[PDB]
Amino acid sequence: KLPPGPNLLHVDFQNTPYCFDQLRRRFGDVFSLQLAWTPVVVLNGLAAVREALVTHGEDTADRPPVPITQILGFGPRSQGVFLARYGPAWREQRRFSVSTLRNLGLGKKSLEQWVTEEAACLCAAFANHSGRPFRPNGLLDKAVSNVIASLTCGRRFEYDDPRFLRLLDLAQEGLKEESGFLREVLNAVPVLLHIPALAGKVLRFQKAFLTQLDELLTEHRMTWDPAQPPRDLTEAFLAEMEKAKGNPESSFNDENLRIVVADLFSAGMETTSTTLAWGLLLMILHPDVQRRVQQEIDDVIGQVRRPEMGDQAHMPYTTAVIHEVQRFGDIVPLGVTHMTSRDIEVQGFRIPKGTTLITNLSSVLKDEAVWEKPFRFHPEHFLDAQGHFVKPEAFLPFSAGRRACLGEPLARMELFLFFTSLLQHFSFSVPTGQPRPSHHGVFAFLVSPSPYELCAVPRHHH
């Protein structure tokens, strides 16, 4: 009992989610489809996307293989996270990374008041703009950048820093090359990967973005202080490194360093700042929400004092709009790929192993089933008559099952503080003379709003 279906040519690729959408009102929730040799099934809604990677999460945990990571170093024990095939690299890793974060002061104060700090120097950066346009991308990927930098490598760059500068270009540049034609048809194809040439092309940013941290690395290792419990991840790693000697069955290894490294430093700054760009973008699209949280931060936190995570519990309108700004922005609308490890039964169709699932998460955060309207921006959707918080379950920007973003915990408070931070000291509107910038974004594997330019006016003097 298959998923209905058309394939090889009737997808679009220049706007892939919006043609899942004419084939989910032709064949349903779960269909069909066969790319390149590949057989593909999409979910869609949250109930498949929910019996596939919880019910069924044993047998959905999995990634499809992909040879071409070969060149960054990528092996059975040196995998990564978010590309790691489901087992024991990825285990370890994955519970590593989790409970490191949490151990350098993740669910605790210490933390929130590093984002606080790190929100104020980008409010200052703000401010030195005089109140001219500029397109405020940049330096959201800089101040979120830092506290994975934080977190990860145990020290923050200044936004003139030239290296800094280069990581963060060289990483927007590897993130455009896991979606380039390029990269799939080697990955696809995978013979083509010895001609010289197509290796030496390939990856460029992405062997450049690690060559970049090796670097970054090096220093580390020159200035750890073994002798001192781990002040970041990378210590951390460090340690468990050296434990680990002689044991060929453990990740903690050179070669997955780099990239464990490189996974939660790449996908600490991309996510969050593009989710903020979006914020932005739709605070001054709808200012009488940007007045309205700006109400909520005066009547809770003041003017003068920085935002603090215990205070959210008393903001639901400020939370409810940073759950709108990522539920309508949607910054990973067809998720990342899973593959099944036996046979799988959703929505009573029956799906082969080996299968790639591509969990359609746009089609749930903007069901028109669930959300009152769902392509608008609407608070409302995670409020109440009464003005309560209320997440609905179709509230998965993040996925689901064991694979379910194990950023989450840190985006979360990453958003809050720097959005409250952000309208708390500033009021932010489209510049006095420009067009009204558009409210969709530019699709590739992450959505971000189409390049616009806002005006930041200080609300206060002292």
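Numbering follows the first chain given and starts at 1. Think of the rigid core as the biggest set of C-alphas that the two forms share within 1.5 Å after superposition. Compared with the form deposited in another entry:
The residue that stands out in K109, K391, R376, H388 is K109, the single one whose Cα moves by 2 angstroms or more between the two forms on a rigid core fit.
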Second form
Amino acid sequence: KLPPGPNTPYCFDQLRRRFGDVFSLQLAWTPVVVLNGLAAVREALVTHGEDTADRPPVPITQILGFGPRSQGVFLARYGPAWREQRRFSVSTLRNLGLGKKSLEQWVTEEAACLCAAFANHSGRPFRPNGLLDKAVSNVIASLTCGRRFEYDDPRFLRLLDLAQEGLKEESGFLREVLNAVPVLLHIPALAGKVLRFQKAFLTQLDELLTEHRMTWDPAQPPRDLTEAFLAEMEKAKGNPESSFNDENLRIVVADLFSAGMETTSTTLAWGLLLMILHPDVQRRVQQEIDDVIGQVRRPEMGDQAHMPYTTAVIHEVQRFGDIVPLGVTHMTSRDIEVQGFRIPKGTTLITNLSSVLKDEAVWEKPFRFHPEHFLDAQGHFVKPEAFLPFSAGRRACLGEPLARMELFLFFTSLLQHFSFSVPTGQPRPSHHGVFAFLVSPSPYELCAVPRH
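Having looked at the form deposited in one PDB entry, could you now put up the form deposited in another entry?
What follows is just the one chain, with no partners and no other molecules.
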């Protein structure tokens, strides 16, 4: 028995209440099943984990150097190419985060830089989005190339702008056209234009990787992910089965920027917004900051386990902000069943994470901003199983530990040194997002006033 069935996230909400948690659609020329609520998402991605970890093919990635051992991680098919890069990135992130604690130090320094760029606005109103973008990009640059960029660096601005444009290309009529029917990529006028900006983004990274190649000291342990990768590539010369090759290096690095920039930055943008709309919550986080850390010392990760309210608030920013509502598509390898219905092999799965984060049977007030969603009456932090902003299963976000570190360190450092407020004489910003692959706060401005 197949599932029933006839911007986007609201239409899927209505379709849920019509046909239920597991329903069918036939978009482009593609069979889709949408999954709603914890139980269907969990059943598909965990219980049937082994047969839902594949990605729908994407013909136009042909343009970006994709091949059987050059698929990067994000859109790579389930198989050894995916699995080798997934293990590499996971363990590289673990290693860089242990011993010397390099990632934590890079994030701590970027938070200091980010506070200074906030101070220099001197209590005049401003949109914080651009600065959040830069801070979070520098964390990726640190992870992947072992450097940061000055916030006024022109190359950095260029890399950022190209990245923003190349996210737009991910959601295009054009893009879906050649993707859905790929034989029109023989026409050079079409092919050259779909991923114009992504190619330029990739060209700018190539330039950075070339520089990094020159300064790499292979006589020392790798100090960042690209070095670790380059070391593996050397061991793999003469092995055509390896995914450690120059064509894949640039896709892996570009996947890490693509997946880890706008998500983390947009989440922080939600957090500041929710802090000026809910100044009472802001002050109570500032209370816990002062009482656990002080107004002087830089926040460290070891603080987080003693700050259940700030942890609650950050979790609630993620749940309410709901920045990846329809997740990232999967594809079924074998046939499976979910909530009774049968799902044939080759079906594109859409995981409706928003329906998990906003399930009315799980959360007390799913459409309000409410830190007590993660607090018990004693004030202990609790994390409900429906907290899945990173999805679940084999393909669940590999950057989650770095994002948790970034959200806590950037968010607490900022509220440690500033008070945020709607600027006098402007409308209360809306708390409704704008969907465009990611859900972002409506554009808003704020005042950052130092606290000492």
